[PDB]
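**Student:** The residues making up each chain are set out below.
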Amino acid sequence: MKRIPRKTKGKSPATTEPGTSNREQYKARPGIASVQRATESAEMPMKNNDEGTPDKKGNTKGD
Amino acid sequence: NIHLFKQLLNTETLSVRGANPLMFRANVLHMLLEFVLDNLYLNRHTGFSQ
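Heads up: the protein sequence lines correspond to chains i and H, in order.
Mind the numbering: the first sequence is residues 1 to 12, 40 to 90 in the deposited numbering, read in order.
Each residue of the second sequence is one higher than the one before, starting from 331 at the first, in the deposited numbering.
For reference, chain i alone in the conformation it holds in the complex:
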C-alpha cells in the first residue's frame, strides 16, 4: 500500500567502461536555459472564466 496526497479539498573485475569519460565542449545554440524558460511559460493552461455561472447555493457569481 502507498499514500498519494490530494491537491484539492474534497467532501470532507574492472568496471570503467571505455566510453563513459566526460569530455564535453559543446555549448547549445540556442541555449537550453533560454528555450526552457520560454516553453515553461508556454506550458501554462489558459485561465478559468467562472464569471456568470451559478454556485452551489444557486446564485450567479461575478459582478
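I should point out that these hints are in silico values taken from the structure, not numbers from a laboratory.
All residues carry an ideal CB built from backbone N, CA and C; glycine is no exception.
Fair warning: there could be bad hints in the mix.
Now the in silico label distances, taken between C-beta atoms and shown as ranges [said to hold, decoys possible]: (1) i:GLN52 / H:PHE354: 14 to 20 Å; (2) H:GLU342 / i:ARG50: 14 to 20 Å; (3) H:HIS333 / i:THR47: 29 to 35 Å; (4) i:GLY89 / H:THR343: 58 to 64 Å; (5) H:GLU364 / i:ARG50: 20 to 26 Å; (6) H:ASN373 / i:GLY58: 53 to 59 Å.
Using the hints provided, position chain H relative to the given structure of chain i.
**Tutor:** Just chain H now, kept in the frame of chain i:
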C-alpha cells in the same frame, strides 16, 4: 597547428583545441590570400664578391 584553420567563422567553437570542419575551405582561401599578399615584393640587387 589547428588555430590557423579557425580564424574566420569559428566564433561558436567553445573549445580552444577544436575547429569547425565546415569552414575549412573558407579558412584555407583566406590563408592563400594572405600567402599571396605577403610576397608582393621586388627583388633587390645588393652586391657580390669573388
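**Student:** Against each hint, give a clear statement of whether it holds in the structure.
**Tutor:** Now the hints, each set against the structure:
no.	hint	verdict
1	i:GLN52 / H:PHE354: 14 to 20 Å	holds, 19 Å
2	H:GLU342 / i:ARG50: 14 to 20 Å	holds, 18 Å
3	H:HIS333 / i:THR47: 29 to 35 Å	holds, 30 Å
4	i:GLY89 / H:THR343: 58 to 64 Å	holds, 59 Å
5	H:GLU364 / i:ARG50: 20 to 26 Å	violated, 33 Å
6	H:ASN373 / i:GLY58: 53 to 59 Å	holds, 55 Å
Comparing the model with each numbered hint stated earlier shows that hint 5 is the single one that does not hold.
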